[PDB]
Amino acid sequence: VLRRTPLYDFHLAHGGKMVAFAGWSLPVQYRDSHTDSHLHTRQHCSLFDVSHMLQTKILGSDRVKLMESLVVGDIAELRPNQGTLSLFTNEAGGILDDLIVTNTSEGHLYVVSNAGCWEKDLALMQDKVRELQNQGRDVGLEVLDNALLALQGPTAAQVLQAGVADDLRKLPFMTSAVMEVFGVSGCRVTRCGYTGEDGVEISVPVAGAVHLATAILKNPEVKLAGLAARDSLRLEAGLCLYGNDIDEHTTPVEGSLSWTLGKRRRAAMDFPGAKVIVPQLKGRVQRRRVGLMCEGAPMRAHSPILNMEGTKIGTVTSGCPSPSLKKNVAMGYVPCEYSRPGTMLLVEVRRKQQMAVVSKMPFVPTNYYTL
């Protein structure tokens, strides 16, 4: 039995083709092809339903201490209403999940993590809360019930602007604020996304979720976008998909996510998994996540990657055709000496080797709104 978000009937009413995703029923696409939906997102904007993601709040005076004991980012340095992408890492340096953490001006941390890792992540945070409370510290956690919508694309901001009093130009990439959206009070708008385009994510009380979705969709610039387009868009943007490109068996260094380590904590070697991660940062690491491009048929997950001498050196973790570049793009792991952009490699596609080239990611330049 698949779980349903507050927009379930909304999706079906608009031609959504529902499929199973992390135990939820979500549209893989609607009436337009996922390829056209993908292109529409980069020229205008698309609305995605991400209400299945886990939304939590960390309360208490020791909220930052709790969070930093679990993630690799510089959380203390976050200014009010400023957030950062980060990772949950275990003592061995493996990635438990990727997330976004925001320091709200309400005195709490607002966290959003993967739908497919909600049981694991919630238990992890609960365990830490329990640990700290037993030590007499002040901390707590709340699971939010709000729906979550993502409006992404070059015209996403202007579409939302018609529904908010706040001048969105004051909401730079990775900052957020609580505002009334299209009549719905208590929404949190964050300048973020999973597409590489400018965009916002809206945490909206369920009672007003459908109203908000409809209000946004009424704008000619907007079209709904499903799972397929969401995947091709994030891949072109060089963004990881937990469970595919990174997992508990990959550290932030192997995953080419060294940038997620907080500036202060990286230099101090003070973060979860540092004993394994630091030596890798210095160079002692066996593999690296790289981007790959090729012609012909698309490279797919689990496909072997070989050098020109017939030796298997790695595996593709994600891959699909790129509508924006009209080439096939993919992510995979290869030894460091084969990770330089421009390197030619062989990838098994449909039981036959195809010539591919290592490419620097993102494949499609991002268009974030920064000051």
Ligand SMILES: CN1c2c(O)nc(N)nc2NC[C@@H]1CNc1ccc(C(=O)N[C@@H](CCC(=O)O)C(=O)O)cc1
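Only residues modelled in both forms are compared. Here the rigid core means the biggest group of C-alpha atoms that line up within 1.5 Å when the two forms are laid on top of each other. Residue numbers count along the first chain shown, from 1. Compared with the form solved in complex with the named molecule:
Core-based superposition between the two forms leaves all of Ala123, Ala165, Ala268, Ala207 but one with CA shifts under 2 Å; the exception is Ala268. Regions that shift between the two forms, defined as runs of three or more consecutive residues whose CA atoms all move by 2 angstroms or more after core superposition, reduce to a single one, 266-272.
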Given for the second form:
Number of protein chains: 2
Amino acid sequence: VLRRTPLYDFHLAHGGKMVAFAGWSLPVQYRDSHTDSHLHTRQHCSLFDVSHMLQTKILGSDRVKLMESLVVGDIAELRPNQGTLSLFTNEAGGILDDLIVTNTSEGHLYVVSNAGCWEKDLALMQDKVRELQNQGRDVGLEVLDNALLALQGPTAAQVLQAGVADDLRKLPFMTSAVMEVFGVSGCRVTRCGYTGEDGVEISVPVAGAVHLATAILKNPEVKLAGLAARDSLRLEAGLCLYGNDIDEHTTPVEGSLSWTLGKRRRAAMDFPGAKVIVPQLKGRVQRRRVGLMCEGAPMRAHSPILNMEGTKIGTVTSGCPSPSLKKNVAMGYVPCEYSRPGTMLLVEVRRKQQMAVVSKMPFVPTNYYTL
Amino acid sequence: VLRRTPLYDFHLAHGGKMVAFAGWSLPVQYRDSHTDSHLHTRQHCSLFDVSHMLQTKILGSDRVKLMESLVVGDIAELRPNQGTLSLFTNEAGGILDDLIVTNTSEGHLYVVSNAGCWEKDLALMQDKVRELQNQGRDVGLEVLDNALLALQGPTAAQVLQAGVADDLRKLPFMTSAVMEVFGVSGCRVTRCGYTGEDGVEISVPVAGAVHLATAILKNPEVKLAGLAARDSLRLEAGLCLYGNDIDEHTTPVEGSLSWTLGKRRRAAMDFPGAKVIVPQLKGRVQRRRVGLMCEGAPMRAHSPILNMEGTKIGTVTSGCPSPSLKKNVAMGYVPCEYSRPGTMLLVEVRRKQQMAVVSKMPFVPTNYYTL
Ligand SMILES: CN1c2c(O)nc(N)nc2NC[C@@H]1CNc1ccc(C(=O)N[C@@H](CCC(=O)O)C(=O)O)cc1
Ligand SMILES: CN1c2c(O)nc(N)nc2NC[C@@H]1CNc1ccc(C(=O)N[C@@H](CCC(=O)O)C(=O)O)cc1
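Next, report the structure of the form solved in complex with the named molecule; the form solved without the named molecule has already been given.
Expanding to the full complex; the earlier chain stays at the top.
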């Protein structure tokens, strides 16, 4: 029933406690508690198996045009092997999914989107490719079979450096390159992550997947990490979790992701939902995504947020205890008046009202490697 | 939100009455009644848009091995450019989806699956490719962007001959070829269908899709046909509608599809679900799919089937009036001792029993073009 990734056995052999996630079998954690796995990631580096995520290639001389007809970013402006976080929007301005798209030098776009949205996402693009060809233009879509690994943390680069002949110091955040990793040729190394720390993601061919993970794991700096730690790290980093912090009813502006909207796109008005989105850039927003902090009982998704008079003003979309801060962190939507960092709010926790404070994101300073 | 084929506007412009079908927006019928469209199809020919079905390619030298591990047919025995209907079965012998597999001379298997199952099937094959690649085998999957048109009827061949250089008399039932149809190159023409009549199916590159459709439609012999007509045409031909007549709870034996089991594989008991299927082939089976005919109001899906003793013995999976026979036809499951043609049964229709007779399928003799 549950789909397996090329590292299935690998997890079972390393104390991986499998669970159902987006129809896949993945380790929620391993031998060490997730809080320890978390802290370990922010001090050394951990290995994440994110092979369940959809990896696609947009081929054709008109690839950029196809992608920009679906996303909000300035894709054309992207330099070779340069990538960015972006969003798929609908005519209403909502978000269909968040993704990372890279303008590779192999004449193709390297797109990576959420595993829980692959059916939605693949149909969306497949349909656009057609619609585009129906208008006489060169474009193609192709799904990758490659496995996907994520090495994240301060010592992550050093570790991978041992198995690559390239100067990782020349691979800045959000750029990638095809290189042979630990013997496995044809790998895609992208300086990106979902942890807030420095790190990379290796798109490796299935045949070499286990070899790569084993090689990487041979280093004493590396420790495997499961879903649980993946989620607590990304929240501290203030990264969105599609389906929770954002969805088809939250616009890029309401979701505090305005920076993803390209400058030219803003001026062109050529992206789905632009009629709605652009006007909001002018403060015309009824709500906004913010970070919350509190003590004691942890704030959970779906919990109401009230002002200090106890009037409901919003809802929590994600929350869990922060290992790096020894407090509870969360994301939610509140009116603009209450989005200023330091704002005092109340959150219904475990049925009771709990005092919380709006925190600037990321809750923990990021360590992205930049030149 | 419904997905649209490359022929969406073409349908609207020709009077298509759009409806929701398997998540797509397709015409249920056009200007002419589904009844007249039906008959027109059996006397001349009709054009159907089936671009919503999943068209995939299995690449690699291990394609036959990958496929055989997923389907029941003898794939290795297929001569070049020869195709066959086949089934996807789980270890329990359940049918996951039915499809048509062609062993093209271009080094790849050409597969076509139901639109309503593209998520399931694609995942199924993708996962197998992954598993096989991790075993050093050379194999790959690829989804086609092509649209898919079906011209069915006694005059379809003639109508199409005017747009191709090749003698279609050389393209027997269940065989295909890559040829230039009405100016569009790269089209794969296949002598197959879902109507019981002679016919072809064209896999045409989207850019020429609308051109090919109008090109064909220009002939006075041709007339567009919608969903209702497609349903009544296949039912008369005794063909299964996955989801209705067969599903994951029906084996190829219970489904009266024993013939789809490859000749060699059947005798060797070497195919998915064999441990459940073989005993059934031998006789240890509880229910069989059959055809039923009656007068008055048409028998519909989910309607109870009973013997003359007021004992419920089965259910109707599909059903509708037959334009060609001016009677009501349907498919349903009944215990084996009640499956002999000529057997009288009672079927609940509009909250009232009606006398019905078990009929051998197809209800209307087919006219495939074979040598
Ligand atoms: C989870 N996720 C994800 C992931 O982890 N990795 C890849 N390669 N692709 C994807 N694709 C889909 C999805 C989108 N998730 C993400 C992924 C990355 C970020 C992120 O690093 N954002 C940065 C901005 C980076 C930038 O400048 O583009 C930030 O600190 O705000 C924010 C959200
Ligand atoms: C609906 N459907 C379909 C379709 O119409 N066309 C294609 N190309 N591919 C597919 N793939 C999935 C699905 C399966 N539907 C079908 C399609 C065709 C048949 C059919 O003509 N069967 C013949 C046997 C043909 C054979 O010998 O292989 C018969 O008379 O029973 C029976 C069922």
